[PDB]
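Asks: Residue strings, one per chain:
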Amino acid sequence: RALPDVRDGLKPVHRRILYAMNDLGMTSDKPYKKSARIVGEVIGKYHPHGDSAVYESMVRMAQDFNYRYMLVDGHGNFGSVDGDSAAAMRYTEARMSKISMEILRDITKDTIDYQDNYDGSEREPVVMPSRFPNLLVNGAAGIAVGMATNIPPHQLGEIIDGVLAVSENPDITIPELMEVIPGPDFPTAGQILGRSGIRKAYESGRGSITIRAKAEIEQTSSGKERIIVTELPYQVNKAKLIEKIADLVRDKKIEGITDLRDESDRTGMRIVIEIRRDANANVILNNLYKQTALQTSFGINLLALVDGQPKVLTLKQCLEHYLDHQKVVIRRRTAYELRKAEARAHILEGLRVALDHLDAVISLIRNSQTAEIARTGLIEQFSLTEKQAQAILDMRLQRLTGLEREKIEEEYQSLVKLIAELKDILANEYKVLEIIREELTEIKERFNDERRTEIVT
Amino acid sequence: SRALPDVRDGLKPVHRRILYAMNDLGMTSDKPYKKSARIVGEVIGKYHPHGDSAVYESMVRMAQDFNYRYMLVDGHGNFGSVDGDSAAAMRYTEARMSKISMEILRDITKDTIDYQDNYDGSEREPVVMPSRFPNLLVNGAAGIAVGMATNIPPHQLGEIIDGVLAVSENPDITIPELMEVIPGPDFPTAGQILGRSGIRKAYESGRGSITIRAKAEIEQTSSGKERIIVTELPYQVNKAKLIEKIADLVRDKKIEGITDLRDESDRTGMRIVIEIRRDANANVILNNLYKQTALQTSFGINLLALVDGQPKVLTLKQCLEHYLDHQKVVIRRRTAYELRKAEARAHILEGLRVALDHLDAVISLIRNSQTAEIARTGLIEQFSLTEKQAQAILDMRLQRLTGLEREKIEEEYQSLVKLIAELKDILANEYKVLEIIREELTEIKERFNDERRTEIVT
Ligand SMILES: [K+]
Ligand SMILES: [K+]
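In order, the protein sequence lines correspond to chains B and A. Residue 46 in the authors' numbering is what sits at position 14 of the first sequence, and the numbering runs on without skipping anything. Residue 133 in the authors' numbering is what sits at position 102 of the second sequence, and the numbering runs on without skipping anything.
Worth flagging that the hints you see were computed from the coordinates, not collected in a lab. Using N, Cα and C, we set each Cβ at its ideal position, and we do this for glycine too. Do not rely on the hints blindly, as some may be mistaken.
[What the hints assert, rightly or not] From the derived model, a few chain B residues whose C-beta atoms are all more than 12 Å from chain A: (1) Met210; (2) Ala247; (3) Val315; (4) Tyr321; (5) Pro342; (6) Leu370; (7) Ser395; (8) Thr402; (9) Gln422; (10) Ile424; (11) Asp426; (12) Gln430; (13) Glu436.
[Claimed, not checked] Quick list of in silico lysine-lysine cross-link-like pairs, DSSO-like style, CA-CA up to 27 Å: (14) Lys62/B - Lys65/A; (15) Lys62/B - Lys343/A; (16) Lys463/B - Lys419/B; (17) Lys62/B - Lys77/A; (18) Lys65/B - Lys463/A.
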């Protein structure tokens, strides 16, 4: 509906793009492939809306200034903070980022339900396993005519610790939670102005906050002062802001600005505003803050798709729905692991029946004209599956060494303890909760960076 | 290195690098055309760092029907024409190997040719192709290096092969005996060679001059009007600039009697029509033309190539001989490699036959062994096997023990003993090797041969 699912935090388009990229092998390890490919694939098979929408969607997940943790690894010009747009899809290259690899984890293991695509030809997921909490981390900035969400990004470490927090204490209160998730954290750092707007948004669902650029004031040995901006409010166009300020000084609305020069580069942003040796830098800085987009309003609205219905939600509610999602995902995946494991244990019993009547099995195979004849032979003389028989036949002779037979019994017994343990994990919810904690902690310790936005009190 | 062809495969270095690079990247005769830029890039980065100009124009020349007697490169796009228009930029053309150059590369995988390091010791390029048909005589060579200039003209594939076999059978064959087989050159642009004498000097000595001539014949209108029609022109002569030259020659009034000049050349081929007023004999005018323009030209033959990396001027028979020595070397190395392979696989099979033969004992030895290491030294000492064979026995899946599989092993081993036999014999008996070369070369002739285009008038 434009609105993201609460469980994986993806609009239709993003979920499709990702799924295709992962179908077409465009993963984090594998090399890049031309955008045009992932786009046309998606257009044809899952999301029929045009190079326009699909490409721009893909691109947006590649942009470090739009995503707190970019899902799409992009190579080439995927546009910039100054507003220039990306190069044509014939000229770019793309793949899944290391982190989105987590969004797709365990999708093979029967953890999500698939549905038919537009024409009934293929299949797409209805939700990704989404092994780290994507909605709160990366956001939702989609504004449409009926319902327009606007969920700001958050430091990944924070959100994880908060989901864990709600795990251990289901009746946490919004403020107790806020000591873990102190507020948003923009891919372009800033300063958020008040704790109040944040609190209002997390408790209620909707509410407004003030984001603000990071500007210091360097001072020369002769006491001349320069203002230097190194960060801007999430989603302000640097180029348009510079033209704006330049414009005000030209109109004579701000008095005391000498030159305004952009010195940003590979080493980072650096807008430099010069001030007459007379005027008070500070003041000028505040009148900039008030006049331009060096400081702006961000309107939070926590609206998303809860079971196919647009719902506004509180911080605790988002956390909880995500955690329910992980519970299904983990229970199911462990169903899968139980199946797998039981099956391999079956084969192992076979190889043990064999290793235990080795001589007779050997005489029987060597007195068998065909492999087929031998299989039906093993079946009938030892009470085995085709599965097991063919497993015997595929056994290299060095699997008959002492230490290898020991490694078989080792593995089999070990797999017995696993079938039983998995069975239990199905049966007891606390074990499943533990799995989520362990796995989320791995993800935190692998993908966690420092917090970019300093929230001022 | 040196801008001269190697006697064995007949390529300048640059050509040999373009072909090696192409075959290496899978731009073969079957597989789809690739962007020129890709092949030129690979060549410049890897083997021949001397500009996309030289490399791509080299690649272009090998693709033109009118320069190469038997085009080595299958091109696609605008590779030009005999009108002097150059090929279009490498961003605009695609290319691949031609069906005939697949023969230039045959057997290169099988240790038939040595490699050397490339210009920065990061890659390896061959020093010489296998060259399974005589490319130096067939396609020719031209160009200067270390002062000397080489100018070998193209030939008919049928003729050169028939000669190579001729030298194979009769190693004492003489240049006029040899000539009854190879009449003379055969240019891609068809037409006339005038002297049997010129050709003879050229083949017998190494250097010689030959006289090439346009194929012009005098037609007759029902009005008693005459008109010469040129359907063929001499090798390397520019059609455009000759129409030009004749325009000026008649315009300055250097030659008179000429009435009209039209280039009716089209899809059907060349038809240059020149009109004559009834006052003048078209024959005498034709002769003035041969004399004054490029309707008749001098071709300077000089059979200069690289024998062991040294420029030498060879006589026809020495060329044929040097090519035949190369191919003899090649078949010897190839069948040596095939034998290395064979002997190896048959070794392993000998191992497996030993194991199946005493099956029980081997099984029990393995299972009374603690490690694969322990088992390996076990079998080795017990049955006199190699590590290679022992390992191979340990790697044997159990279904290999079925009857049908033991039968398959015995069959492959059989086949293989037969093949090591035949191989060792080909090696020891040079007449067998010569036989191979005759068979293979005659298959190539059977598959690629065409009609002589240049008529040797006497
Ligand atoms: K403002
Ligand atoms: K002349």
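Asks: Can you give the numbers of the hints that this structure goes against, from lowest to highest?
Replies: 7, 8, 9, 10, 11, 12, 13, 15, 16, 18
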